[PDB]
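Below you will find one chain, with nothing else, as structure tokens; this is the form solved without ligand AKG, and questions on how it binds or moves follow later.
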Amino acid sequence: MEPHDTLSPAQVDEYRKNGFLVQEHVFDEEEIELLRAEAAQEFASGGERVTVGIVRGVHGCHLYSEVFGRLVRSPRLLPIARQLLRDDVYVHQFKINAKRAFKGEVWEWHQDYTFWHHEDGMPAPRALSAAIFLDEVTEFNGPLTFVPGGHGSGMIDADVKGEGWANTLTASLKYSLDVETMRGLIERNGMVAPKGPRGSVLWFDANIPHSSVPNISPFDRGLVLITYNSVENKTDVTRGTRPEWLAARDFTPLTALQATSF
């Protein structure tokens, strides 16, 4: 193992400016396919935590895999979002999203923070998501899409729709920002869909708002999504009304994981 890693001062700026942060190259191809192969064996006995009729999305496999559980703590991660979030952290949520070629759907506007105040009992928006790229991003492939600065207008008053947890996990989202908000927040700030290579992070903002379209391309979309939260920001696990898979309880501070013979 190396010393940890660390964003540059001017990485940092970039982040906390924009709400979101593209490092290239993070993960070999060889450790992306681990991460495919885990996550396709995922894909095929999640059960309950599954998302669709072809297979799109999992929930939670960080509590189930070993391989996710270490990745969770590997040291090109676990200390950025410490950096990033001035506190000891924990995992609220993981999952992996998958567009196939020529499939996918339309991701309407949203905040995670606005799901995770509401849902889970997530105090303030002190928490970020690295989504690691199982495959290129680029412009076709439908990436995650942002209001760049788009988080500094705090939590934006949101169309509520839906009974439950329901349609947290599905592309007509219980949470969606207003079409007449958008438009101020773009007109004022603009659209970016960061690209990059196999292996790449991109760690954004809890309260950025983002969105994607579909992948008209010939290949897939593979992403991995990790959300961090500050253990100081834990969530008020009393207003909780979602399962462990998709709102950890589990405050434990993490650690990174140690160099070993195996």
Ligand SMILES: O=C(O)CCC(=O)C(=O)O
Contents of the next structure:
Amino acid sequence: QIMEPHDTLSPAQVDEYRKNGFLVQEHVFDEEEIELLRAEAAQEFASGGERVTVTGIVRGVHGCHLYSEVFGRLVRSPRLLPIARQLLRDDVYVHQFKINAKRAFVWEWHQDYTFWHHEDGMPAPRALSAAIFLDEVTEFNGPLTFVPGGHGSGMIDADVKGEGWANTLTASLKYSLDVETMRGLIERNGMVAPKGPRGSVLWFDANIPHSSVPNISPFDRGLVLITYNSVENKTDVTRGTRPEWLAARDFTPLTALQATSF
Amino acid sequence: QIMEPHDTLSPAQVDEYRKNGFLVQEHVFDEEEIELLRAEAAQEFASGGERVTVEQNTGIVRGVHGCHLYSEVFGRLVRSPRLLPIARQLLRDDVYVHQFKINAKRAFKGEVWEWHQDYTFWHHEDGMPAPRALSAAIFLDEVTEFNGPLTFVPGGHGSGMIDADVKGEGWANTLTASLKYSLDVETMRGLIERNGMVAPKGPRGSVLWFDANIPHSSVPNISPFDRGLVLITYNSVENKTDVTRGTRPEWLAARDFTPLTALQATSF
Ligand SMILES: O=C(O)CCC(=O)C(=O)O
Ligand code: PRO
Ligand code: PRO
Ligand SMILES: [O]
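One more: the block was the form solved without ligand AKG; return the form solved in complex with ligand AKG.
Starting with the chain above, the whole complex follows.
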């Protein structure tokens, strides 16, 4: 049995990711694969307990690669792992895994690294996220939106609206970026909401500012977001404040799935 | 503590490797790193017992095999961030060590390596099912025209297995001056008349990457200079050898196919 030999990004793709802070690869996973991932997402939303977040409809579920065999395999996929290694220039592990159901009918502006630095003791922004598109992403179903090049600043200041971690994944975020700071970033660099078909992968930098608007449209915008971190960049578990299913503590380097008879 | 971020080959470098079947990177390891490896090699030649091979005319050391299984230093080298990411890159897979050897090719007494493709050996002796493997040869000494450099047929890997005459049952003569698989003389001449021969040179600490199927040879060293090479053969995990058709011990042909991970920088 055989897996396709590992594909990595071209030098122009790597340049684009480094310059913009994001990159889309279209049609990484096929329809049948996506539908497997959608079924498992639905299982996780149904049975995830305290790892589910909520009007009261599912907003997200966290940590599923620790609890689902299917998602545990996904993060080792040869479509994903080799690019994560290549971009981070290290062995890698999963810092965070989440499925953000942007149901058919806000995430405020933020840099992920800001969260992971302060909540989890991530020492440098040497991490990224791969967002797998379970639905077509269009202009109308609340696409992730970025300030391109906005990661080159580094961490940007934000008020800490909370003395807990409950508000880290609510509509009102613990470390939101203010209107004055964003207006500046946006006037300088612009805003971009990358689009793509079901099965695409959107890669984005831990430090890139991003947001998404409410989805009142008729279509869902399900994303599976896998955050890969450099093993060298492992979080300081002594500054960590969160459960495992938000901030991993097993730093074992990931290895790629091989083709087996089962 | 910080390891330098993993460096991979450029697209030009990869293209050169695929087209020629070999590639030199100069100055990968520094003198002090090489000296550590030289000292460990000397330990392995002194204590490897049955894993050590000697030259026939004289009894001086020819080779030692499997050291990554027995030396911690050599166990870490194979995981080095200077080596592992390139092997992963070139084999487009996770990888493991099929074979590890140190070929000492001393100053005046070092003997021939006749023309051979490594893959021919690994396929028939060890059950490697495709040539999706490569060797990284670390230069413990400057390799020059005169100290018996590995010599290749550039592009000679792109015909698969070439036809060889087999000498005997068993495997002792896989490591000798006269090899169990010797190449057909007219096919050799034809290969060479169309592709030429090249002996890559380079300073101490270089790495010479070469394809599992590239024809290669080396002459005796009559310089007053050693040519110690540490040869690490990485194989694709997908391409793991079929251990049911395997005829040799573990220190010639690995059985543990666990994918390798890179060394990190720790406080010890
Ligand atoms: O449409 C979505 O929100 C993606 C699919 C999903 O999250 C689910 O199957 O429950
Ligand atoms: O708390 C966290 O880590 C995730 C990622 C940024 C917003 N919510
Ligand atoms: O027997 C082997 O495996 C090595 C490679 C060719 C010569 N000796
Ligand atoms: O080799």
